[PDB]
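Enquirer: Each chain is listed here by its residues.
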Amino acid sequence: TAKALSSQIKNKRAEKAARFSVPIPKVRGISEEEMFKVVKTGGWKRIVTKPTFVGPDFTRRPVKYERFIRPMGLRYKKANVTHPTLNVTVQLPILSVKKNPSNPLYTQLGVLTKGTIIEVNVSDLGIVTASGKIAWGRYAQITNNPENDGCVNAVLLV
Amino acid sequence: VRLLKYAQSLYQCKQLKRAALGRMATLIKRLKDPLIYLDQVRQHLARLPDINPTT
Amino acid sequence: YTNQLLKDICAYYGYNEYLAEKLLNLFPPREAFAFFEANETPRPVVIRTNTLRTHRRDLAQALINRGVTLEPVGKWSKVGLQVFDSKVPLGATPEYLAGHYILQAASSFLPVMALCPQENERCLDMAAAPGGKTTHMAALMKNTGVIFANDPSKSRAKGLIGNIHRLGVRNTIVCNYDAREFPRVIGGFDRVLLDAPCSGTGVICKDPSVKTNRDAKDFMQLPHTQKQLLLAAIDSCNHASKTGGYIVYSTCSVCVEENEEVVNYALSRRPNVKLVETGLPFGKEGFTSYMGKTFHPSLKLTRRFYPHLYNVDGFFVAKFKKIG
Amino acid sequence: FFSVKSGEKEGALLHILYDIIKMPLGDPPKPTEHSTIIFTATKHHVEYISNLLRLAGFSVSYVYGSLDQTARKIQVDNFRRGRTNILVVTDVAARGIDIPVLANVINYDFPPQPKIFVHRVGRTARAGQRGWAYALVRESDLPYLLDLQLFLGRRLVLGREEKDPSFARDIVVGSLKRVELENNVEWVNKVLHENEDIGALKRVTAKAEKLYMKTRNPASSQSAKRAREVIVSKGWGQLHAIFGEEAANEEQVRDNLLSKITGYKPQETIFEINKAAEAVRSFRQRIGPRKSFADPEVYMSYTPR
Amino acid sequence: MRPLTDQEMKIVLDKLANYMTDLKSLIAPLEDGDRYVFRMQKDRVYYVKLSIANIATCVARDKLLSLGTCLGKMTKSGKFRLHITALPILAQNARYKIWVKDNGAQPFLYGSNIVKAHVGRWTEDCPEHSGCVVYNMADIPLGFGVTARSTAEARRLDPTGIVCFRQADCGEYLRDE
RNA sequence: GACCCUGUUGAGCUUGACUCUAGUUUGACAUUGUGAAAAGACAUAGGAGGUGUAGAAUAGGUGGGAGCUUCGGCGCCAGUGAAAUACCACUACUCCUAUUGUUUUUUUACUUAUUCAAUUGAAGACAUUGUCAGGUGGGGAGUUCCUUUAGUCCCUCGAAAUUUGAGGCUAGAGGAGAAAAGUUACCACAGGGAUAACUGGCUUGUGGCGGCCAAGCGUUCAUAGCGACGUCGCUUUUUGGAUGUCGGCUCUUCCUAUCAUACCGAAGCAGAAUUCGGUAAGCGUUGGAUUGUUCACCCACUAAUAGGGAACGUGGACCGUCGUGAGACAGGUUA
Numbered sequence: 001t002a003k004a005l006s007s008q009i010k011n012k013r014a015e016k017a018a019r020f021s022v023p024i025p026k027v028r029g030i031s032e033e034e035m036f037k038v039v040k041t042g043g044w045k046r047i048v049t050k051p052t053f054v055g056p057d058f059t060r061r062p063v064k065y066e067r068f069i070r071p072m073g074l075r076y077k078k079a080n081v082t083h084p085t086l087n088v089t090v091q092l093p094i095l096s097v098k099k100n101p102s103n104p105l106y107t108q109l110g111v112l113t114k115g116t117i118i119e120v121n122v123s124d125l126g127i128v129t130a131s132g133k134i135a136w137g138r139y140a141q142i143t144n145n146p147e148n149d150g151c152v153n154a155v156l157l158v
Numbered sequence: 001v002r003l004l005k006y007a008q009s010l011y012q013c014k015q016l017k018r019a020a021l022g023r024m025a026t027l028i029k030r031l032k033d034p035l036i037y038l039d040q041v042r043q044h045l046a047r048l049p050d051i052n053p054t055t
Numbered sequence: 001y002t003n004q005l006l007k008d009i010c011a012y013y014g015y016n017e018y019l020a021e022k023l024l025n026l027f028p029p030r031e032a033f034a035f036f037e038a039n040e041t042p043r044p045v046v047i048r049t050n051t052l053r054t055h056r057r058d059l060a061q062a063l064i065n066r067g068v069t070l071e072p073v074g075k076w077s078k079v080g081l082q083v084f085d086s087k088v089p090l091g092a093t094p095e096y097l098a099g100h101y102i103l104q105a106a107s108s109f110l111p112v113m114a115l116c117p118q119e120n121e122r123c124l125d126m127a128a129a130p131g132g133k134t135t136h137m138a139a140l141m142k143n144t145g146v147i148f149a150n151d152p153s154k155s156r157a158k159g160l161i162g163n164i165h166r167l168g169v170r171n172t173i174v175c176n177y178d179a180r181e182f183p184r185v186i187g188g189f190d191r192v193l194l195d196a197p198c199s200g201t202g203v204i205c206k207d208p209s210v211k212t213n214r215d216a217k218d219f220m221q222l223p224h225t226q227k228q229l230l231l232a233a234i235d236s237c238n239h240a241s242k243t244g245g246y247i248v249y250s251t252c253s254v255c256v257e258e259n260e261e262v263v264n265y266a267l268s269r270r271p272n273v274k275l276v277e278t279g280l281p282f283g284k285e286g287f288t289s290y291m292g293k294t295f296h297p298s299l300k301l302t303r304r305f306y307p308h309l310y311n312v313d314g315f316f317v318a319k320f321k322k323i324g
Numbered sequence: 001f002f003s004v005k006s007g008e009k010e011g012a013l014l015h016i017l018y019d020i021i022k023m024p025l026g027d028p029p030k031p032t033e034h035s036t037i038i039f040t041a042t043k044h045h046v047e048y049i050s051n052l053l054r055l056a057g058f059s060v061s062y063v064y065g066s067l068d069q070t071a072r073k074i075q076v077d078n079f080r081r082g083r084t085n086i087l088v089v090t091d092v093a094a095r096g097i098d099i100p101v102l103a104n105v106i107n108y109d110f111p112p113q114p115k116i117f118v119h120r121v122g123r124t125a126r127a128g129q130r131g132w133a134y135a136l137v138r139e140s141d142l143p144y145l146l147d148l149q150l151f152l153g154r155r156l157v158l159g160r161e162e163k164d165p166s167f168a169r170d171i172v173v174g175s176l177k178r179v180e181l182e183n184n185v186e187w188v189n190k191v192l193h194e195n196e197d198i199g200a201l202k203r204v205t206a207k208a209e210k211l212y213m214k215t216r217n218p219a220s221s222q223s224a225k226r227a228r229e230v231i232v233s234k235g236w237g238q239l240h241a242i243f244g245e246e247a248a249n250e251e252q253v254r255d256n257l258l259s260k261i262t263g264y265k266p267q268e269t270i271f272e273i274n275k276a277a278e279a280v281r282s283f284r285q286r287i288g289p290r291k292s293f294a295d296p297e298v299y300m301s302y303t304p305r
Numbered sequence: 001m002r003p004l005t006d007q008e009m010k011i012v013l014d015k016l017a018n019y020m021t022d023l024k025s026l027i028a029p030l031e032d033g034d035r036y037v038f039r040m041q042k043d044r045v046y047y048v049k050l051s052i053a054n055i056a057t058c059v060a061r062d063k064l065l066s067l068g069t070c071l072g073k074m075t076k077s078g079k080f081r082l083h084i085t086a087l088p089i090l091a092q093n094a095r096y097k098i099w100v101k102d103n104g105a106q107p108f109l110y111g112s113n114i115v116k117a118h119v120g121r122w123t124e125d126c127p128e129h130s131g132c133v134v135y136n137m138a139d140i141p142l143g144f145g146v147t148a149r150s151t152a153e154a155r156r157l158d159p160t161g162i163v164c165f166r167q168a169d170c171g172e173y174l175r176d177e
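Residue numbers (the numbering used here), protein chains in the order written: chain A, 1 to 158; chain B, 1 to 55; chain C, 1 to 324; chain D, 1 to 305; chain E, 1 to 177.
Honestly, the hints are just simulated from the structure, not real lab data. Even for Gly, the Cβ is constructed at its ideal location relative to N, Cα and C. Keep in mind that the hints are not guaranteed to be accurate.
Distance windows between CB atoms, simulated [what the hints assert, rightly or not]:
(1) C:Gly91 x E:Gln7: 39 to 45 angstroms
(2) C:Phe33 x E:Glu177: 33 to 39 angstroms
(3) D:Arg290 x C:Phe33: 22 to 28 angstroms
(4) D:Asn274 x B:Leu4: 40 to 46 angstroms
(5) B:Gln15 x E:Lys15: 53 to 59 angstroms
(6) A:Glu33 x E:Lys97: 31 to 37 angstroms
(7) A:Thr107 x D:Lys265: 42 to 48 angstroms
Generate coordinates for the entire structure from the input sequences, incorporating the hints supplied.
Expert: This is how it looks when you write it as structure tokens:
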């Protein structure tokens, strides 16, 4: 049943992506590593060595959180999320980081540590809420240490 | 290797290698079934007569 | 049969059972299938040229000089420029940061050219959440008059103020007001504009929650709110002016409760409104009758826009005239 | 465009010269009337193609990139005054030396960019005189062919889908004569086993090609995906349209039965006929088969123009 | 929409005049007879036409969001800061201009101070610290800043040496999105 | 060093009271008329309609009603539809026409209003003016209820082919005064506090998360519970480039975690060539292309041209001066 529910999600992603792929202008804005190297030419630096989530690729930051630089290789946009009901783990995207209890500063940059609540897209699950509505964003607590092992693991708070 | 470049302790580097070597290990262990097929078709291909269509 | 068609469509596209049934009804069967392809399919990316700081040709030359693959889109627009490929990100170009061009959609273009804004004219926008419409209207009056930007959410207002002051508009005041209350505040405008909160079936590519999260209850309160939104538009405009001023009704939905029903309710309750040819180059006429109910034949002058015919979002445009 | 396998590419070039162009043998008694160029990829492929045609008996000159200053003049002199019939260039020797009015062009290796094909066929069929241009397409070189369709905007036919395909306007792909290909690949394998020097040139150009495969600019994903379908499609292995309608009939009466041999699926692999026997049963259970409405005036298209 | 007092009036025009050449065109009567007036909302000041200022008096004070063009912000210590919203009028009649090359144009958009290796051409009569407004080749307004060193001293530094400071750049429109 | 704190400065965040009102503003009504030309609205009287879909169809609608019946056309029926056609019975909208009128505007003028020169001329029904009904009000004068949640599904206003939305009412919880205040795991500056510093039975080959199973032990027992090996779901699948200072060479010595050479064990290992493993350090152990430099890959030679150790073998540092939205100094002496 866990294989069947994972197959239904994976098959649904397959036909949408294969049959309905349409050419669109989509390029990635340049990193903040070369942005700071340009700025420094224009140990004083402060660089975050914890795993982060950002969202929109090419944005300017507020001047409060602008000395901090988050490298490209420490970013994750997808997490492995377990649902205690139906006992299924899937990959769903991370929408935002809600609260990091270790540091309220780390909440603002979106530092992914243990017991950190994130918002995840539960569209592929299709869990039916009250009033016959399909969920789009739930709480999920991170239950691993993503700095030590590369994968980000989480459980849905349902 | 990107993760290791920004690491900050010997514990962190130890845990990151074990993840990488472990993740490549569980990929090969999943590949068990086709490896037996390719071993058996290798034995039978080498034990096949040589036929040259041109002659 | 029809019932097999509804169950198969809801299974393969993932729509709700209700909204698939409503959308299947307004189309012929093969036309419905071609519509379901397009509205799920992402739409082309379109650029509006700021007339104030630049114009169509020299901006086009500048972006190709930065590696952006463009093409002038249609004979409809002297202001629109389609994009096809771009090495540099679109928001990264220094032309963007000065405000030479702004990201828009096609459906954001046509209400503004449905309006005919002139110089030294007092105008309005009850919902200017992305701010593209407001910057387009100010491009037509050439930095004159006054625009009253309005949006009921402060979070969207920050993007409004950022977009307006980058584009160099200098003539717009932005207020966080519920637009039902707005004619009590001022009234007496020339050319009012309304982009109502809508069901969002016209654009599912940007917002894919309407696939299921839109039910019977939502289809009663939401068109109900457009009515109080729309009756305020007549009750705020001027019956007479030195330059004649007109209302424009623009919704991002293809639904029939949201569109062609609200305009029937408005033209019945206020007899001092007429509707004439809306000035957009193309389109499809509105339906005079949908489900046993008759609308006045002025709706043949209204224009409906569809994803399958044009690569645009689903849209309704109608323009009003005030009499008394 | 002819569908050839990698092991029959040399014999396929011998078909085009022998029975498609009907080139004369030996030295010819202001170019010649036949005057066929041969385009390839690497200087090691030049040395094979030149030295094989000397053993074939055709008059061939050759120029490549790091060829000597004096050596380049004498061979482009010989081609221009009509003392030889075949000129073998890679692409860089082509764009350096001056090319006269040319009749036929052979593409031994398919150009990676579709615009390189234009540059090659631009060297021929100019000034109102008629011309021909043949290419040996492969399975791995197929996506570069479907990308050539999208650039020229032409229609593609597969073997004998049309009775009379238009060669000058439509892209026509297919297979060569089966019988005469197996004779002239027998000759290639006979010469390869006989003389050591050509055999040493094969081993050099085998590893030279393997580098060229790795560094070639890859084709697009849509061209890559659409290549899988035409391989599956029944027109890929059918006889080419030049060879006539009369050649199509006895090919049809045989391959209508032969294609059922190729489409066979074994219900039992020979290891089923132990732990390995349970393994063969384990795969087949896991991997068994799985059960206009737009106006012409305004339609924002995802393609330019 | 409180208009500025006497003390607040000298502060805004002072730092304006350290960047402006003709202060009389800004406050000048135009053809319609209505002038440009300065109001302030929520400790930030706005530069507006008087007529649109007059009909802006209808909105409630702690309810109105923004109005016309923001000249800058009143700080808590009573000083005045410029924002890039002030740039369209500031670059309209600027007094010292700096042109930077395309490889130095994007550094300003990312937010670096101007270094010697990017300047396209300079203007003279610049003291050791003078306000200046930066453009590319096409005279597109990119920002404003203060000259780091004088007419002689700025160049005798290294080609890796900062020649003009960063104060504000057009890239801050890319933040509030 | 990190790290904690104090003061100044930025980025904010939350406030900064109530009632009339200056100012300012929206709408309405008057002076403000007299003609012409048009246009529009309604007042009545006529004429004609109608193709979202499907249905054969240019279906307003509605009451019934199954041959009313001239031909048995049309019917009945059947479909198809939200609604179905025969039959009689009713009345809606639109577009025209008319006069069987009330009007309202726009334009064009004039002055019969109104405003200036004058103290008779021009503008000209424009302004302008005043009164009601509003919006705002950091200003002037005095003065010391809202927020969060639920219900009455009760009343009022809306909307809907019968159910909703917005107000009203009720009840669980909160409360020296435009001069300036509280807060931040925040920024820049100045200062204060704290560890003399790291490892020395460290390190290596087999990932994390959740579920199932589970011998034992335990608060009293395998159920307060801790829990390996496996297996399942995610990463992960049905068509084959990465690297900052360093080197470069010779030489000595050691380890083995062995590339070669010696020996064995196993493999459809026929032969040839190998592959995996084990004992083994006696004996040997490269280049080239490319590179900032190396590795990866590719190419060539060779028996092979393994990897490491030798306290990682032997040949600035502030201070002062001027700046403060940023920055510097032919500035200093000293480490």
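Enquirer: Now look at each hint and say whether the structure bears it out.
Expert: Results of checking the hints against the structure:
1. C:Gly91 x E:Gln7: 39 to 45 angstroms: holds (40 angstroms)
2. C:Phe33 x E:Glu177: 33 to 39 angstroms: Since the Cβ atoms of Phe33 of chain C and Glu177 of chain E sit about 37 angstroms apart, the hinted range of 33 to 39 angstroms holds.
3. D:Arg290 x C:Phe33: 22 to 28 angstroms: This hint holds: roughly 24 angstroms between Cβ atoms.
4. D:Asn274 x B:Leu4: 40 to 46 angstroms: Distance hint for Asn274 of chain D, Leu4 of chain B holds at roughly 44 angstroms.
5. B:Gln15 x E:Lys15: 53 to 59 angstroms: holds (55 angstroms)
6. A:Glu33 x E:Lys97: 31 to 37 angstroms: holds (32 angstroms)
7. A:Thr107 x D:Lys265: 42 to 48 angstroms: Violated - the Cβ-Cβ distance for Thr107 of chain A and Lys265 of chain D, about 58 angstroms, lies outside 42 to 48 angstroms.
In summary, the one numbered hint that this structure violates is 7.
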